[PDB]
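First comes one chain, alone, set out as structure tokens in the form deposited in one PDB entry.
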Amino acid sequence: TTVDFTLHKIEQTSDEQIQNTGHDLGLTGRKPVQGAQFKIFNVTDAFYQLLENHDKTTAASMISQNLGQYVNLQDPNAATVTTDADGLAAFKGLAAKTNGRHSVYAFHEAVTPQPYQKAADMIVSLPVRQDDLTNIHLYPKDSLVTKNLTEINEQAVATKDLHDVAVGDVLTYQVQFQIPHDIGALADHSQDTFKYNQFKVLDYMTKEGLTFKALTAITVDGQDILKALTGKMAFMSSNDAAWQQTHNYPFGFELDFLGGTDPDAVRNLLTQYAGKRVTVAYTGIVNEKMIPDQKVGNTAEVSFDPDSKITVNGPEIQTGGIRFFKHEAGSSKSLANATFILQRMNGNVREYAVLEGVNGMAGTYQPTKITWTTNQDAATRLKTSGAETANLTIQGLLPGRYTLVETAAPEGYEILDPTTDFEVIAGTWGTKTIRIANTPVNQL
């Protein structure tokens, strides 16, 4: 006689150990995972062979840690099923007994969909007994790899796929993933070498806009393991010289836990938290190369060998800007050296823009940071160039309502419109280049 195994693949986003009873748990309200491919293997002979020297929990553990040691995972006759849209996948008609013993079956996730890490290789030793079960329901868990932007200037923010930023903003990002359940295991059929020799986390942006600041924390099970790890693991950022040697990305970092000077101490630490969720957090600074009309996302790649990776995309960021064309009234003649300050309202209070890193700039202003002051004489005096289509541009601005205040006309002219109210449109240069006239004075 036989038994069926019904798998219900589900998403894991946290630490948990749901003891599989064997029963159907109805509608659990968990998110299913589609496209997971499972193989099944009869490990009965192998299990009872081990059961001579080790107890059942230990024997089961040994096969779980090193399943490829006990079965040929590459077998073409090994029954295979892929999980449907409801997470469902069934192996049917498996022998309930094998060479006179109650059968023991192993399950291996051969193909894990993006962006998930595999369910641990599970084993089921029969029977599962009724007060036996013919259909045994299992609930294998795929750990979702995530990347989120969590804070801006050390303040929490709503999780969005698109954020509006200002130059000088410090962005906190978090990449989350699972330490493998078999991280500490040795390689299949090798008593001296290890199973994992690479635990690489590669975060990068293809477009300019961020400067790497710091690796802020590495958390697991509410423990900051960054201190214990540091020096013993490989790490580099785009601020380092040897970044450019392997990658040509503007921004990023590559963190290998097992690529450092002391992989074995690291592996030992990781083994204490095997199966648990690690948060790697880091800060970046929005810089003068962050331009409008340009969404800029990052990508994180978790990999345990050269030939595969779990890839995930973080949110995009964008910044605002504005163009003005200061001209002679009644013509397209561009007027250099007209003077403005930038104003916004904060409640019913005028604040004025102070720009950092803009000595030497006239016409195009691309600051490293913008702060705001109620002292109007401290405001950065912006000057126009003689350029043809627009002779005053500002970028790195949050969207919203501003006023360009003309504080001095260019020589030979008088101010026509002192205040010029305008709007920064999120992520763009704005609807149009705003024209500002100055009237010439017939000097004698």
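Positions refer to the first chain, counted from 1. Shifts are known only where both forms have a C-alpha. Take the two forms, superpose them, and find the largest set of C-alpha atoms that agree within 1.5 Å; that set is the rigid core. First, how it differs from the form deposited in another entry.
In this overlay on the rigid core, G209 has a C-alpha that sits less than 2 Å away from its partner position between these two forms. Remark: with the core as the superposition reference, the CA shift of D293 between these two forms stays below 2 Å. A two-part rigid motion is described between these two forms, in which the smaller part turns by 104 degrees against the larger. Core superposition between these two forms reveals the following runs of 3 or more residues with every CA shifted by 2 angstroms or more: 1 to 11, 30 to 128, 132 to 144.
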Second form
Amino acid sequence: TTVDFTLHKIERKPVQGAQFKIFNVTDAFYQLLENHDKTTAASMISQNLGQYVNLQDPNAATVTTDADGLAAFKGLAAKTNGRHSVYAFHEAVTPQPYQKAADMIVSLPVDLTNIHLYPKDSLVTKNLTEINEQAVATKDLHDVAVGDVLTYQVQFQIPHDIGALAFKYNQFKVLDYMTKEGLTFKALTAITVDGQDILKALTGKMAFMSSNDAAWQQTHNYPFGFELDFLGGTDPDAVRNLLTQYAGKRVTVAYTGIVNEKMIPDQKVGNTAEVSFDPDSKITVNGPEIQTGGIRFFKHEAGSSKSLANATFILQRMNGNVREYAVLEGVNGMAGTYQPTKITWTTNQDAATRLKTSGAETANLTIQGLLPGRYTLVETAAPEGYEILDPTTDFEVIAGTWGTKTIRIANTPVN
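Switch over from the form deposited in one PDB entry to the form deposited in another entry, please.
Partners and other molecules have been left off, which leaves just the chain.
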């Protein structure tokens, strides 16, 4: 009825600061057991854990590694609804410069009370390193605004025997993609190994494709992505010679992506990097999730539920002492539902974008692409026939959603 898990994060060197989260996936596992083997289930959850769990669940117990790189999870249940429990583990945030461990899983009993796990790192790794050229923390979930330039790094090892004849290696694929929309591929910014950029040597010598290319949609299904084959370009030989002199070393592929107006809230969007040396064998990792914010209002005649169009608003934010006001690009000829390509901020309120209500029934002013935190909707004009009731409506964009509810705002009829 009771078990313990002692996690040991080490990378020779122990690692303090790494936070782990435990997930009970007992019933998620036994669901797959109907269609699948124990091994196929065990791996499926380990591979794509976020498919089976909310990875940022508050209730999922979380602990941080101490000085010794050690993290206890005391007193777990052995059973779970008449099944021997199966628990999954996930490194939620990692300190610099360390990498994110693989998402390991265990099925009970094995019996053993004090169970010591040692979460090793994945053979492919992905991170969100920067947002608008400013470094962020390595964590499983990042909240984003529309028009943000996101910088990703996919890291993987070169085989020790890369220059073998048997040539042995004629393919070094690197495939990144997202299943759901939200990003557009901006650019490949570097390919570094041994802290030295080899992108200039490789350009015009690899195969390289992305979402922006006409050849992508016929060959790949996905809205965002890029494919990169080192040994499948116009000069595979020279590119193999280049890689052999860094045989064993860790290549990092950096690229930028732009958050677009198809990115919607209530939708966490991950990416997946796949590395393959042949069509037979792939090593693969899922990056961190990203989500954006939004909010809905209902402008109405006081007392009734009468929707009032052409009530003008500006969105206000605090920057410590400083008031700032939203400037929405890509919203020429929109009203009610605003789906901007970039929300940027100004201290001059005369320059701020005037948001006008539509007169739709359910909610007649929506904004997407917002960061979470506190805001204030300021009514600059009531529609003709109505005076303003309360000039400011302060609210909170909840992290990754449309909010807990649509915010009703009343106008007073003059007659």
